[PDB]
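Next up: a single chain in structure tokens, the form deposited without the partner chain.
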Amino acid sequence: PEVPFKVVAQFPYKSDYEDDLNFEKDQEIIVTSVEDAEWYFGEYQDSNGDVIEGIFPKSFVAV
């Protein structure tokens, strides 16, 4: 799927890491890059309106 594209959190990703983008279930993200075969890089507008970005596994979302 040509970058960028849209994905939906199948499951909640949560971690202690800064580079990581964490999200809840159902969260619509925009993938602006494929890091490696297991990881994406995208973003979304959180509750408070701030953009938050970072990496997160492909298996946690569906295109």
Given for the second form:
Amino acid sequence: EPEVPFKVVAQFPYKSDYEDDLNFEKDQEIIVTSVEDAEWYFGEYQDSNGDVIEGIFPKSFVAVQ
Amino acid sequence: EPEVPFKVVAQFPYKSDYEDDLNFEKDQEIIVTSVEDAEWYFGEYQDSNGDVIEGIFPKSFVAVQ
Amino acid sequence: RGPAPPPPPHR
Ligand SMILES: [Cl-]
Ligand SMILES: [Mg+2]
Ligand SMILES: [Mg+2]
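After the form deposited without the partner chain, can we look at the form solved in complex with the partner chain?
Below is the entire complex, every chain and molecule, led by the chain shown above.
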């Protein structure tokens, strides 16, 4: 696993019930800023009007690069 | 997998925007009417408005019986 | 179709 920060790309959409989560569409480029545990990342991306959207999401939904 | 048809219960919400995907909330009981391939089921349920809806969804998001 | 998403991990 590469040291943070690092770029990942969503391989699937992630849409969940929890407010702490980052949600996104497939292909979304995300910056991982914290590895939360063995299975979850915390990271961010900028929405339409340039606002930073951040939260946690499964490592298994993204690929590193 | 048993022989179709069989009942599954959603273990996570599935909220895809793909046309022809079935969407549901966690805990939704669904009848699987066909196995589409190694990763997708096709099935249906009667929604909270009394309407039968159907489409494909991940085998991974549900549990049999 | 393409690949289905994996089952999300426990929170
Ligand atoms: Cl969820
Ligand atoms: Mg039977
Ligand atoms: Mg854990």
